[PDB]
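Just the one chain here, laid out as structure tokens, in the form deposited in one PDB entry.
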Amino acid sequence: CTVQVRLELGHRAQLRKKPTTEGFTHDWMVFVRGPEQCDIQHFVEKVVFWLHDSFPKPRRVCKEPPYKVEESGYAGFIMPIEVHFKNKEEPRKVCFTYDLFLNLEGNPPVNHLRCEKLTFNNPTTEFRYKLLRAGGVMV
């Protein structure tokens, strides 16, 4: 069998009304989630968000939903996002590279959505069940 599951990556950003003491101009939020009706927790062990080295403790882990990071900053950047699976064999994880871009002052808030598709060939019985409970479909 071959099982396909959908992931949704996305982010929001907007100008703060008041810059922080550090000079951070924006609030933003990044997320990994399933499409409507899909609880990806069935097959996702954790999501690791790799922030820019300019952030303290840049490696941010969510072991359970919502898989997200809420932060404040002054600039956008490329954010590796690793999704780890509740799997006993390969693939154990997948790494997306996510563009966390901010809006320029005067322009509308960012509200970006990105749909990803994962294909698993011949998963174990145990892992197949997890994928199907998360809204996976055989292909």
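Think of the rigid core as the biggest set of C-alphas that the two forms share within 1.5 Å after superposition. Positions refer to the first chain, counted from 1. Residues that one form lacks are left out of the comparison. Compared with the form deposited in another entry:
- Superposing the two forms on their core leaves just one of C38, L51, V48, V110 with a Cα displacement of at least 2 Å between the two forms, namely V110.
- Once the two forms are aligned on their core, only one segment of at least three consecutive shared residues with Cα displacements of 2 Å or more between the two forms appears, at 103-110.
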Contents of the next structure:
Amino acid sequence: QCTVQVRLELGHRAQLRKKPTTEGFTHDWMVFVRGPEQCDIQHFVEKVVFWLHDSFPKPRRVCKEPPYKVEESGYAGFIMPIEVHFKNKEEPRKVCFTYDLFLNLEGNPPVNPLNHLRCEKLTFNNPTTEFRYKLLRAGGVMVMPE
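Having seen the form deposited in one PDB entry, I'd like the form deposited in another entry now, please.
Left out here are the partners and the other molecules; the chain alone remains.
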């Protein structure tokens, strides 16, 4: 009957520090989840959970409000599970991403910042009328059902 698609942007910035920290952290980085352009995903996003590498203290980082982001320093890239939880009461209650937080991009001088963007399109089949309105308030659109 109804299919709603909405877009999320997942990304990160990393840059070599001008001097490593006392712990040996060589890079500063920031990972985020956000709407495209003008789109406010807080209409349908309850919270975003970033699962950091267990070298980091309290590695389950939660943002219940924008900005959905984590900013840290470190010495190596790692795989970061990210959960985007929705303001809905039916499945899917969340979407699980596995984000590659890398500190080096070949072709980029390490002194220069790196920026990576991942554009993810979410598809919701037969959402509740409430959730449909939240999705559309966040830039979602209805498309050919299924």
